[PDB]
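Presented as structure tokens, the chain that follows is alone, the form deposited without its partner chain.
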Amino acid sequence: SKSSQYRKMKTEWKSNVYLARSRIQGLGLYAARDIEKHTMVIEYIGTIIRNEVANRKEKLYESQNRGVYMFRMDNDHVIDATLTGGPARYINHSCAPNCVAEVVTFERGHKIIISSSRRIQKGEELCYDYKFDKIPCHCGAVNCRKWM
């Protein structure tokens, strides 16, 4: 049951991850322990805001040469982790991910859950495919698409 998986992950995620210097860019999130395939690791949390508001914010931050932490969604909304976020905001992109950022809709709502797509060893850096629609990718993978 997704909702039981979710409830369990919500009380465990702190022991699933840690924050350290990335092998990809800046800071990154790492598996604190071994994690089985198809397992909820952590949630992307923040404040859901309309695209219009998000764009204004991004534009304001770029003026000071700062990035934002935002997970773009299909409903013209965004989860804004720039001010109130969690560790999942630090998970980097990979052309060869060990994770997926999946939509999970259930009793408690419409959530973005990061889950393992393979067995993941302690100390591996976590990453998922950001899925793009233009700056160079540093995921290091063999089949890197070179750009983001």
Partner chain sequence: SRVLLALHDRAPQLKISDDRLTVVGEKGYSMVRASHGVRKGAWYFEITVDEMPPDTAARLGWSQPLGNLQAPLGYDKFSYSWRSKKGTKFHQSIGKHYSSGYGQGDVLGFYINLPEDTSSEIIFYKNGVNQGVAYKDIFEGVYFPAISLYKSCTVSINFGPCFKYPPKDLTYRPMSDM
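C-alpha atoms forming the largest set that superposes within 1.5 Å between two forms make up the rigid core. Positions refer to the first chain, counted from 1. Compared with the form deposited with its partner chain bound:
- Here the rigid core is superposed between the two forms, and of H38, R56, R108, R33 the C-alpha of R108 is the only one to shift by 2 Å or more.
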The other form holds:
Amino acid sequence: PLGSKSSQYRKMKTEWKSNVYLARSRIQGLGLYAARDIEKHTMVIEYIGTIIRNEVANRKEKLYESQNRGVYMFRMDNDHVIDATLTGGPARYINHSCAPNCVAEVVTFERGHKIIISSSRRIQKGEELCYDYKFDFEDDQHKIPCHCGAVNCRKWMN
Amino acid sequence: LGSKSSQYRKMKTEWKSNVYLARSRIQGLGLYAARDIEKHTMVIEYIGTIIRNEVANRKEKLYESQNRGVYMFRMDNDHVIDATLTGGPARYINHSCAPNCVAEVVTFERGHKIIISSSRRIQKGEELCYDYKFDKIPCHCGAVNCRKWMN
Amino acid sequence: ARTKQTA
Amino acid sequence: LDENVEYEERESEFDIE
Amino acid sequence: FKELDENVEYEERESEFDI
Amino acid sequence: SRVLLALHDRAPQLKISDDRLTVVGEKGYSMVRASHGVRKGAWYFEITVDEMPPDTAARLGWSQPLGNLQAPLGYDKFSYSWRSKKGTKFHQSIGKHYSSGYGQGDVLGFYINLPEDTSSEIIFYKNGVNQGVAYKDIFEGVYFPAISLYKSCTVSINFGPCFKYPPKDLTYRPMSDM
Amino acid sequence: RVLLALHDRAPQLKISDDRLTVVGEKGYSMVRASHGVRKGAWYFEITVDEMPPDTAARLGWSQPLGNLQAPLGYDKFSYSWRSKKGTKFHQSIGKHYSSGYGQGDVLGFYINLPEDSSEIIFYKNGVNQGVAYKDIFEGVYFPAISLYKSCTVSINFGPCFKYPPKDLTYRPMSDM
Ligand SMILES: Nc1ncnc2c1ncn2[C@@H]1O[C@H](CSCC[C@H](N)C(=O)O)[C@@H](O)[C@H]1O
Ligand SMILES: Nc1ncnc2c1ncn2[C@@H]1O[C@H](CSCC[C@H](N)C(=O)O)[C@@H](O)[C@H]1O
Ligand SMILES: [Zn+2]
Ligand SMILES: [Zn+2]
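Could you present the same protein in the form deposited with its partner chain bound, rather than the form deposited without its partner chain shown above?
Next comes the full complex, this chain leading.
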């Protein structure tokens, strides 16, 4: 059952621009920031992009990696990935943190899945938005370091 | 519809929304449906002072001697509800040979009550009427095949 | 490939 | 009030003056 | 880079997978 | 047998769940009937609007077997329907003012009364509230619960015997009795 | 400025520091707002922040004499709207009105008290749910929250509402 998720989603779609702005991250590169105070359990922004198949995502990642082009992919389900590297929305910029103030969740409408970024606590204007990426844990030569800067940081994004 | 008890409590909180007084086409004043009432709905209570028969006989003679109109309803064979002084709008309900309401005594531990319930679906602005049940004045209920006589 | 995930 | 009242009869309720 | 107001389905090319 | 959405008596573009109690619309109005119909007495069923995005709509109610499946409920003489948009009632494609609208999350009730001899009646319910008599003295015949959807909305039907808002002002039998 | 009252409240309810969020505790209990209205058309909003399994709310309007240790709608002094099944309550009588509401819904509360035709109207996510009561008792009415168990709601008195009604005029409760 959808509960209030349809209304929340549609309301978020008409005012997400008032919730966020883009700026230099204290964590890495660019990030998204709260343009205003955001209450707990608020739908903030949708992760938007081009829906691609798994093997497409594997080919594209190697091409993206060929160009030092970062990770802008978000898995939608077992068979599909949202690629936001070349086209999509500003949610691609939300950084990872060990002390996250947002969560990422799939909402299942009949017209398709949507990746929604929601508040897990009250967020104050000017705070950087961040969620747990939940990257697949991997090997050392792979291993990627974390600079979320929070106290009790796990030190790795894996 | 549920317990007669809970129907009654429900009715007591909203009976003012069920009825209104107006000049009757039958006689004097009457009571009319302020809205649509589905069949077998409790509409209003006939309230008053519960008195035994010999008290009612003496009270009735006293009222007539003072030219005040008497309003009474016989609950059972030994008790009458005198609404002449302590009654509500249910005392203005007229009689009809083709009634749309019935008057029933609902036994309760608290005490007995006279409840006027709808016998069919009733529509807003229709006059409310039950059958005064009889044992002689002309009846002017206006129904087809009127029984012509009362009291 | 490496992707952000919900779970 | 909107409820029934039970009459309380007097000892002499039925007597003649 | 082009923004999108909604998700869109990728239209793969014939040689999408080729090296 | 158990009362379900009909296996074959239905527009092929409609997407019906495997328990055959949920249905999704597809482009223009198209209809599915229930597997059982009623011909005498008073009967009842419920429908929940699971999802109704903007610019989708439903027309719900009762249909005779000759109700056109590639048309909205209420299109011809063989059906009577209630439209999510503005609460309009439809019969022979004429829409009359009836109730206010309904939408996602609403649980709708459907009462039909086909009395023997010794007037027939169609009544709709919105989350347990009696919306009044929509059609009186309807064509004699057998009537099936019927669902017609406009675009990709989703509804679920409940034939009984346990309803979310069982009527207390009317006596009925649950459609599940068939 | 309009807040949840800090003494016109059942003590067991947990009021936030901002006095705009309340968490329930066990059996139904009520908090009223600090300001009430006798006349005019007024509006406020409540968002259901959290509604765990088996928790519930009854939300609406209460006169000062409404029982704080009881659900809203318990007596003659209040009118409420129950999360479970959208039931309307007044004098402990539940009647079918709308569908249910729960976590993440944004509820709107309208009252009209003309000088002298009163009505109470509820909204769910900007959708008018219909007149719930009419010709209500005369008096001073306060925005009122009653909660059953540990559910969490947040009240917004205005003037900026998430779903400002588009079908009638009002003033925000915040104007008091
Ligand atoms: N907590 C973190 N520590 C180190 N790098 C991070 C990080 N969170 C995000 N990043 C970087 O950002 C990428 C995710 S896309 C996030 C936006 C990025 N900061 C940008 O300016 O484009 C990751 O591939 C990683 O390189
Ligand atoms: N069907 C009927 N025909 C003629 N008189 C009637 C009547 N029903 C009620 N009445 C009159 O009303 C009395 C009952 S009290 C009912 C209210 C009454 N019409 C009034 O205005 O006071 C009866 O004694 C009789 O006098
Ligand atoms: Zn970290
Ligand atoms: Zn007569």
